[PDB]
Each structure stands twice: as C-alpha cells, then as structure tokens.
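What you see is part of a larger complex, with each chain still in position.
Letters are used for the chains, namely A and B, taken in the order the chains are written, and counting of residues starts over at 1 for each.
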Amino acid sequence: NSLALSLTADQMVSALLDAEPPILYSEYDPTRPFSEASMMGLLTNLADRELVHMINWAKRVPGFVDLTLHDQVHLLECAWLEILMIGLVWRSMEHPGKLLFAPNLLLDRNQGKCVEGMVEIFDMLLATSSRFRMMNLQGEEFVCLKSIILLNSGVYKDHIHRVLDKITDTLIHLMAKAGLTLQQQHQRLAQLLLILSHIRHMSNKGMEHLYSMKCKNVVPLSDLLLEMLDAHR
Amino acid sequence: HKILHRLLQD
C-alpha cells in the first residue's frame, strides 16, 4: 500500500510545492544568441542541469517512489521534455511574447527564426503561455499538472491510475477552495487537462528537432541528455 | 547500463 493514497489534499499540495525544483540560470555572457550553435548550446546546457533536478523532484512526487526502478526510468524518459516545456511555459507567463528559459535568458520569435524548424515550436510554446495567463493558472494547479504529466505520459498499472485519481481530487480541491462553482470546477479541470494534449504535441515536435540536432553533431549533447533522447527512437 | 538508473537510486 502506498502512502500517496493516504495523503489529504492539502498534504498533496504541500508535498508537491516543496518538491519544486529551483529556477536555474544560463551562462552570464551578455551576447543574445542568434545562430543555432550558441542558442542550442545554451538551451542544451540548461536542460542538462535541469534534468538532474527533475530526477530528484520526481522521487518526491507521491507514489513515484513506490514504482519499480524500471518503471521510474520509463516514465522519466517519456515525460522529460514535456516537463521541461511546461516549466518553461509556466515561467514565461508574466512575460508575454517572451520565453523565459532562465531569468537571464529570455528569447522571442525572431531568435527562434535563426534556427531552422524552431520558430514553429517557439510559437506553440508562446501560445501555451498566453493560454496559461488567460486562464490565470495558479502555482498549486501547475505542480499538479506537472506531476500528472510524469505519471500519465508513459503509463500505456493500477497504482498509477489510483495516484492520478488523487491528483484529480487535489485539483478539484483547489478550485473548490478558490470559490469556483461545481460547473466552473469541471469546466476548468477539462481546460487544464486538454492543454496536456498540446504539451505532448510540443514535446514530440521538440524531440524530432533534438534528433535532427543530434545527427548534425555540431551542438554537443551530454551522455544523459543523449540517453533520454535515445529512449524515444 | 544507463545514467538514469544511477541517478534514480541515489
């Protein structure tokens, strides 16, 4: 039996909030990117460092520790870019038109243009951020969504579904607490979860681009980032 | 054989 199912809603919220990984910084050189090499270099370096924090964040998501090591590996391999991306979108909320990869690294469309097949993904990311902003997505909701992504994306057993159910309860708990009517509750829940479809889409497209960058062999990938990427072939 | 395997059991 898993302790995750025995938590109250508040206990779930508190656990997820305190498990939140920090906001990492990029290199402190003032030259705004442009060119594939410098942009993809900074992003890859950043993603590589975030992954180490994601792994330890994942261990603190209730129910994740109960999975076998192999299952934990599978879920992280499947979900890693989705998780990086929803984090990026979350951070970029209060900077319309901008993607805050790091506090010292904000990109817009025009820099995405300087990498082939990149502006498309940038626009999708920016659109998701605007969507978050117009929905007034809250921090408590965000960490719930992010953990759902971790447990859901690679699931296709009943433990995970039971934990997924409890996160649903938690989301409803937050909306009811925020004063939403019963109709506003299920409507908002649906709106939040449908965005995960688009996040999955953006991840798949991103993965294809990273595979292309991999074959180009100009931007260096870490062995770890390499193995996460390899897991999608 | 996998870095992820190593990092997860820490």
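By definition in this document, contacts are C-beta pairs under 8 Å (C-beta built on N, C-alpha and C of every residue); 3 or more make two chains touch, one makes a residue touch a chain.
Summed over the entire structure file, the copies of each protein chain kind amount to A x2, B x2.
Please note the rule applied: only the chains that are shown with their structure count from here on.
Chain geometry summary: the mean Cα position of chain A and that of chain B are 21 Å apart. Residue ranges of chain A in contact with chain B, taken from their complex: 52, 55-56, 59, 69, 72-73, 76-77, 223-224, 227-228.
Partner chain A is touched in their complex by these residues of chain B: 2-5, 7-10.
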